[PDB]
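Residues per chain are reported as follows:
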Amino acid sequence: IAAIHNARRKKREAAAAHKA
Amino acid sequence: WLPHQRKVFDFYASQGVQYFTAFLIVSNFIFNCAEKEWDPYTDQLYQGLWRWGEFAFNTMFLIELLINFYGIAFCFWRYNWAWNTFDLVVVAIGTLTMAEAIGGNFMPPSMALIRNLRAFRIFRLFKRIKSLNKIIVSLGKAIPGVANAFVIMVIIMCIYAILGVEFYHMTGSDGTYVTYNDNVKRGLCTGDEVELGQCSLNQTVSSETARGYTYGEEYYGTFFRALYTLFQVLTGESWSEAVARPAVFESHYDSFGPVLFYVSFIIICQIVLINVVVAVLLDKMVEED
Amino acid sequence: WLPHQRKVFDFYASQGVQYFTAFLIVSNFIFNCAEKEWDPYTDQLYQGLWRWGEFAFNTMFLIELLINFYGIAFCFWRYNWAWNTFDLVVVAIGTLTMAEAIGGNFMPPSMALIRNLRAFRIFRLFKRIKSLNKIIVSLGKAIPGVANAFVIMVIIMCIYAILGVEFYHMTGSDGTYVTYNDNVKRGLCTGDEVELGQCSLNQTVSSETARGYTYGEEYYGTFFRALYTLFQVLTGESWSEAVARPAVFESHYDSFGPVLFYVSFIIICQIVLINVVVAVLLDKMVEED
Amino acid sequence: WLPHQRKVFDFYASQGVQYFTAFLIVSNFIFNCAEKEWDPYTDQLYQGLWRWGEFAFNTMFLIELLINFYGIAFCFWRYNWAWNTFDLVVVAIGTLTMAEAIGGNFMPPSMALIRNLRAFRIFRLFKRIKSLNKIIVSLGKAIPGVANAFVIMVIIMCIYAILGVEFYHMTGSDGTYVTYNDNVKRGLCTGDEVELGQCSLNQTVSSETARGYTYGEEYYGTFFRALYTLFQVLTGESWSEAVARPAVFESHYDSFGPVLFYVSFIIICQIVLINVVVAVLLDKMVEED
Amino acid sequence: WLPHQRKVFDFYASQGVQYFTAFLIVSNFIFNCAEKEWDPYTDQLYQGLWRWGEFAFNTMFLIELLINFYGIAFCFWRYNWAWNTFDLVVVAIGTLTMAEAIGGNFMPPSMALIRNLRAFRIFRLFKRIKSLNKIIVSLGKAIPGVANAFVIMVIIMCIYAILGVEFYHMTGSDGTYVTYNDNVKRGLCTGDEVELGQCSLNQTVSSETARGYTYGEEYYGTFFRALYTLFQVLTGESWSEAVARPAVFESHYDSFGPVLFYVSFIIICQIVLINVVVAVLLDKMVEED
Ligand SMILES: CC(C)CCC[C@@H](C)[C@H]1CC[C@H]2[C@@H]3CC=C4C[C@@H](O)CC[C@]4(C)[C@H]3CC[C@]12C
Ligand SMILES: CC(C)CCC[C@@H](C)[C@H]1CC[C@H]2[C@@H]3CC=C4C[C@@H](O)CC[C@]4(C)[C@H]3CC[C@]12C
Ligand SMILES: CC(C)CCC[C@@H](C)[C@H]1CC[C@H]2[C@@H]3CC=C4C[C@@H](O)CC[C@]4(C)[C@H]3CC[C@]12C
Ligand SMILES: CC(C)CCC[C@@H](C)[C@H]1CC[C@H]2[C@@H]3CC=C4C[C@@H](O)CC[C@]4(C)[C@H]3CC[C@]12C
Ligand SMILES: CC(C)CCC[C@@H](C)[C@H]1CC[C@H]2[C@@H]3CC=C4C[C@@H](O)CC[C@]4(C)[C@H]3CC[C@]12C
Ligand SMILES: CC(C)CCC[C@@H](C)[C@H]1CC[C@H]2[C@@H]3CC=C4C[C@@H](O)CC[C@]4(C)[C@H]3CC[C@]12C
Ligand SMILES: CC(C)CCC[C@@H](C)[C@H]1CC[C@H]2[C@@H]3CC=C4C[C@@H](O)CC[C@]4(C)[C@H]3CC[C@]12C
Ligand SMILES: CC(C)CCC[C@@H](C)[C@H]1CC[C@H]2[C@@H]3CC=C4C[C@@H](O)CC[C@]4(C)[C@H]3CC[C@]12C
Ligand SMILES: CC(C)CCC[C@@H](C)[C@H]1CC[C@H]2[C@@H]3CC=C4C[C@@H](O)CC[C@]4(C)[C@H]3CC[C@]12C
Ligand SMILES: CC(C)CCC[C@@H](C)[C@H]1CC[C@H]2[C@@H]3CC=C4C[C@@H](O)CC[C@]4(C)[C@H]3CC[C@]12C
Ligand SMILES: CC(C)CCC[C@@H](C)[C@H]1CC[C@H]2[C@@H]3CC=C4C[C@@H](O)CC[C@]4(C)[C@H]3CC[C@]12C
Ligand SMILES: CC(C)CCC[C@@H](C)[C@H]1CC[C@H]2[C@@H]3CC=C4C[C@@H](O)CC[C@]4(C)[C@H]3CC[C@]12C
Ligand SMILES: [Ca+2]
Ligand SMILES: [Ca+2]
Ligand SMILES: [Ca+2]
Ligand SMILES: [Ca+2]
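Protein chains in written order, with our numbering: chain A, 1 to 20; chain B, 1001 to 1289; chain C, 2001 to 2289; chain D, 3001 to 3289; chain E, 4001 to 4289.
Certain hints may be false.
What the hints assert, rightly or not - Listed below are the simulated DSBU-like cross-link pairs for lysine-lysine, each with C-alpha atoms no more than 35 Å apart in a straight line:
(1) E/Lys4284 / C/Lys2130
(2) E/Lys4134 / C/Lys2134
(3) C/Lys2185 / C/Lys2284
(4) D/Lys3141 / B/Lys1141
(5) D/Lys3007 / D/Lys3134
(6) D/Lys3141 / D/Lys3284
(7) D/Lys3284 / D/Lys3127
(8) A/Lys10 / B/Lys1007
(9) E/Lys4127 / E/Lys4007
(10) A/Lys10 / E/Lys4134
(11) B/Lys1284 / D/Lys3007
(12) E/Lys4007 / E/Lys4185
(13) A/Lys11 / B/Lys1134
(14) B/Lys1130 / A/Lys10
(15) D/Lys3141 / D/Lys3127
(16) E/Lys4134 / E/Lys4007
(17) E/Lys4134 / E/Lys4284
(18) D/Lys3141 / A/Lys19
(19) B/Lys1127 / C/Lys2127
(20) A/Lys19 / D/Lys3134
(21) A/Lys10 / D/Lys3127
(22) A/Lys10 / B/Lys1141
(23) B/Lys1130 / C/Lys2284
(24) C/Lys2284 / C/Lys2141
(25) C/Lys2141 / B/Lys1141
(26) C/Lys2141 / C/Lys2127
(27) E/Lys4284 / C/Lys2134
(28) C/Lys2130 / C/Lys2141
(29) A/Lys11 / C/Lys2284
(30) B/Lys1141 / B/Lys1127
(31) B/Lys1007 / B/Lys1130
(32) A/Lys19 / E/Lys4134
(33) D/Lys3134 / D/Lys3284
(34) D/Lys3130 / B/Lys1134
(35) B/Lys1134 / B/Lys1284
Just so you know, the hints here were simulated from the structure itself, not pulled from any lab data.
Start from the sequences, fold in the hints, and give me the full structure.
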């Protein structure tokens, strides 16, 4: 789930950087 | 619309009334938990206590269900249908319970699993509290995304169950199986004493499980047995000591067969597929967030 | 304000003093670990060693607690209240320990679990080191988010515990249960030898656990037993070989009952709910980051 | 191009035809699952049922493979090569099965694992349904990223297997090993009764496993045995009670050896490396998303 | 600078030379794996094979280390120090191995664990292949971030080990312990037959483990035993059936003590701290990405 949570987070900042 | 229906309606929708109903729900749940804790026996010690507390809780649930329905003109089709029919079903079974408590065995002894539905009244609390509601709604809107990876998981487990019934359904059927030593090459014996009859290069091991079966009949005897066994392996439970290793070492030299069976299954299903299923689940939840 | 209080105050807040106190905390913790490693016996071999090292550490903790309090005018209400009362409690129990070491059994033998509180002085180190402080503060500000999914988890486990006490609290009560073969259809026997009395299609299996109980009394005998059992199943510990499979194969043809009980519980609680709980935990931590 | 080929081609590519083929695929899979569920025996009670249902399904698969090939001029090199050769292989083995059902043992008894390939026809469904296709394509384009961390994992497991064969391949070879008490220091006995011969500070423990071997031989007898054992430890299966603890307590005072072996392996491989492998897997999948 | 050094230097840095050295590294690793697979015995069957293949591989490693070192001017301080001293150490032990193979027992029998270092030459491959290098560098730059949460984990495990030695180091010291029935209330007996001496409400259960120890000594006998036991529980290995449940049911009515011990540990150390440690690990790796 830590592996899963980071994979999700990985996409979250990728979307955050896309908007930023 | 009935004459005094509007005020009963917005009164049942009061925060204080809903919190009191939540208190009643939680206290009924705790009453059932406490019944199982302090009187789980068949010959109960305080039977009237549970019986009449059940009666009282079912009465209050009936009463405030009627108060619920008077505000919607007893229709419950238009406003909040799903929760209303859940309440209707649970209080219908509760009134059935009041009838069992009062006036005879009008329910047949085949339908007690409907008498066990009291534990599920606590789900009405997930309607009262907005946080639990927010979590269960996220779960429910995420399950359909899990669906695809879940069915892939099930197909692969079913393939493995077919193969497992084909290969291992008769392993140890005699009740015993044979394993093979390297006692000579390991210095534990000489070739002369092996040829003489003093020691041996094979050992007869019993195949009976803790449930009275033999290995193959109990783990892969049928397709649903093998499917259950593979669900156990997916979780990772005693998958080697009870399941994999008897098959692995029953094979004298063909040990790569069972080894690769279990290793490939564990890798693919457990690691890859379980983690993809849970990843899809949590992704749909966090964009439910 | 006392006359020479300002300088004692900012001296106790010195980096070097706090690092020396951290050294003392860690060395006391190591002294306790070493006591358990090299003298865990009831008849200790070096009892004076542990007793007087305890005395010395408690003395130094008392002394620098007084140095702590002199800087805040002995009030400790205004400045850093939580840590200060934690220190006050631990050194109060330490002075109680000095009193036990010097002058008699003024503590009753019912309160030794307060004598065991020495292990928790190491938590004061989490105040000295900013990294451990940064991690425990993140943990603490994340727990309230876990709360909701945790209570949903507990409600579902409690439902399953109620059902488990209802279904399985009497499984194997005779001490044994019966399982059923397919020996004829599997070629291991003929119908003639089954009807003759030479082999059988059922086996009597003992239900006693390693703790002396029977299966039902030990896993679902009461509500808290069943709740403990479901926590164990929630972690995956021996959930099939010791818990699920005896119930599954005790059912002659109704095996879908226990199978679906355990499979549904494992799926829902263990996969979905544990992963949602941990996901919420880690999300709140990483935006604590 | 054959005269009436275009229309047969775009007719085989019809949504309704592909859904009917998917229905046939799923129903064949269910027929095989049901064969294993209701007739897994060697002496099958209903052999003609499975035999002729197999014949009928193989016939329909042959027929609509020919309908498939007539639309591509029987070439199947240019259009959709991979799926087409998968279909060709599965229906070739199915026609081989029809030949076995009709006219003799033209297949040798060494190649039954090709007769087991029927379970894998369900993979053709992953072509019909776009969701399963989308998931398996993501899996396949993610595996090459897993490759590197996987080979690092395998190298480390292989190092540990070499060391495990060196250290533990002869542990308990006598069939028994010795463990050591602290009975005197624990008050359970006096030094006088130890020197007298009434109690002892060592116990002889049997080293034989459930599969008939001794502890060293079964787990680390050879390199592939040790590699299998380390895969089992990598999954957490009984790694302490069956594997680690006998080695840990067989060492009188050198217990740090096996303890550090297993603790370092668990930490590095299990925690760090498995989580990195799965993290790479899921990252490549979610940017396959 | 030596006269013909430049060209030897950039020749050793050739892609083809480094790939040939990688082939040699991998083939030496495979030679060692194959030695453990096909000749793990003490009385080896092909001893000259392994001895002289070892000699040949060590010779080639010495030769191309000298070719390496020619390039760095035997300085190896300035260019690529870490890998160069790793190579120097491994080939120094390999030349020590050549000396053991040729001319006597100049190494004492206490230092064979240095003769086991051949398995670690494969780590030089992580220098040749850029992918394994990128993964191990990410691991190494992530470990220092793990450090803090790891030490918090260790502190909490050490607290629990201290408490476990205090509470459970003497559980079952007699070799047996007592558990308690509800046979009367469960209908399995009457109060009259309990008072008569025909049945009983307690059972004497043996406390001896598979390793010859009693339960308390084996798990919580000392601090490092308890720390090992808590590492095993952290993983989830047999933590209930072998560890938790004997303590839980040894307590007649105080079962909340051990239950809360193990449940809190699992909830704290295994559901929360392991996932934070792995989350920090993977975060530092993915921003190493
Ligand atoms: C509505 C909620 C609070 C129900 C739970 C609290 C009350 C109603 C329940 C929970 C625990 C129950 C008690 C548990 C067991 C005992 C001890 C026994 O010697 C007599 C009955 C008695 C005393 C029960 C009385 C009813 C009880 C007190
Ligand atoms: C996470 C997902 C992939 C796991 C899916 C596993 C499910 C689908 C499998 C695993 C074990 C299976 C069960 C095994 C045994 C039985 C008893 C049988 O008389 C009816 C079906 C039933 C109840 C099966 C239904 C399907 C089943 C529950
Ligand atoms: C990552 C895991 C699941 C994959 C492991 C692949 C390895 C172990 C598999 C792939 C092909 C297999 C080989 C193919 C079949 C044979 C021939 C047989 O007479 C001896 C074993 C042997 C030589 C197998 C050994 C195991 C094997 C090499
Ligand atoms: C750094 C300090 C504060 C932490 C603990 C270190 C010292 C004080 C502790 C730790 C280990 C302890 C030793 C462990 C066991 C022995 C061997 C025994 O034959 C005599 C006592 C003696 C020698 C103890 C003396 C005190 C001791 C040395
Ligand atoms: C996240 C999950 C594990 C939460 C559920 C676990 C907790 C809530 C459950 C699981 C096991 C339960 C315990 C089982 C047994 C006892 C002994 C009883 O005399 C008092 C309560 C107590 C101590 C229970 C308290 C609640 C309990 C700790
Ligand atoms: C995970 C899920 C989907 C697995 C399947 C669960 C349900 C749908 C399946 C699994 C096993 C099935 C049961 C098998 C046994 C019986 C008893 C029989 O007299 C009537 C059908 C009935 C009652 C079936 C009802 C449906 C059933 C309970
Ligand atoms: C949808 C189809 C293609 C998949 C399988 C369904 C049908 C064809 C299969 C599945 C279950 C099978 C049945 C399972 C077992 C029995 C009971 C036995 O006394 C006679 C044969 C009979 C009645 C089988 C007939 C064929 C059968 C009904
Ligand atoms: C997730 C990854 C890192 C796990 C990799 C484990 C794989 C590579 C290991 C673990 C167990 C190993 C197997 C152990 C036993 C045998 C039998 C032998 O006759 C052929 C090889 C074979 C079949 C091995 C192949 C490689 C193997 C499958
Ligand atoms: C990374 C750390 C925390 C893991 C533990 C490593 C420590 C405990 C290991 C590594 C080397 C080990 C020591 C090496 C030397 C010896 C041999 C003998 O004279 C007694 C044990 C003793 C003294 C070992 C005790 C444990 C030991 C110190
Ligand atoms: C690629 C190389 C360097 C790695 C190992 C390959 C070769 C050299 C190794 C690996 C397996 C080894 C063989 C394994 C076992 C046998 C069978 C035995 O009856 C004679 C020795 C013999 C034939 C060994 C010869 C050397 C061997 C062939
Ligand atoms: C959170 C992660 C890092 C788990 C950490 C657990 C580590 C630090 C613990 C768990 C088990 C412990 C070991 C238990 C037993 C021994 C034998 C003793 O003679 C020396 C120390 C040694 C070798 C301990 C060292 C520390 C240890 C390895
Ligand atoms: C947060 C969850 C885990 C709560 C469960 C743990 C605590 C709160 C509960 C669980 C079991 C409870 C204990 C059950 C048994 C006893 C012994 C009795 O003489 C006094 C009450 C006392 C001491 C209870 C105190 C509270 C208790 C310890
Ligand atoms: Ca049997
Ligand atoms: Ca009993
Ligand atoms: Ca043997
Ligand atoms: Ca003992």
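35 Å limit on alpha-carbon distance, applied to hinted pair D/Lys3141 and D/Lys3284: Answer holds: D/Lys3141 to D/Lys3284 is near 8 Å, not above 35 Å.
Hint consistency between B/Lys1134 and B/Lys1284 [alpha-carbon to alpha-carbon, up to 35 Å]: Given pair B/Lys1134, B/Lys1284 holds - Cα atoms ~14 Å apart, limit 35 Å.
Given hint E/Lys4007 paired with E/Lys4127 - CA-CA distance at most 35 Å: holds, 21 Å
Holds or violated: E/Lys4284 to C/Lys2130, with C-alpha atoms at most 35 Å apart: holds, 20 Å
Restraint status (C-alpha distance of A/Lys19 to E/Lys4134 at most 35 Å): This hinted pair holds, its Cα atoms lying about 30 Å apart.
Distance restraint between E/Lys4134 and E/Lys4007, which requires alpha-carbon spacing of 35 Å or less: Since the Cα atoms of E/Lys4134 and E/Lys4007 sit roughly 28 Å apart, the hinted pair holds (cutoff 35 Å).
35 Å limit on alpha-carbon distance, applied to hinted pair D/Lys3134 and D/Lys3284: holds, 14 Å
Restraint status (C-alpha distance of D/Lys3141 to D/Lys3127 at most 35 Å): holds, 16 Å
Pairwise hint evaluation, A/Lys10 against B/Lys1130, where the allowed Cα distance is 35 Å at most: This hinted pair holds, its Cα atoms lying about 29 Å apart.
Straight-line alpha-carbon gap D/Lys3284 to D/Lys3127, limit 35 Å: holds, 22 Å
Given pair status - C/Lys2284, C/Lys2185, alpha carbons within 35 Å: Violated: C/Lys2185 and C/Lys2284 sit about 58 Å apart, past 35 Å.
Restraint status (C-alpha distance of B/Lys1130 to C/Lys2284 at most 35 Å): holds, 19 Å
Checked against the numbered hints given earlier, the structure breaks hints 3, 8, 11, 12 and 19 and satisfies all the rest.
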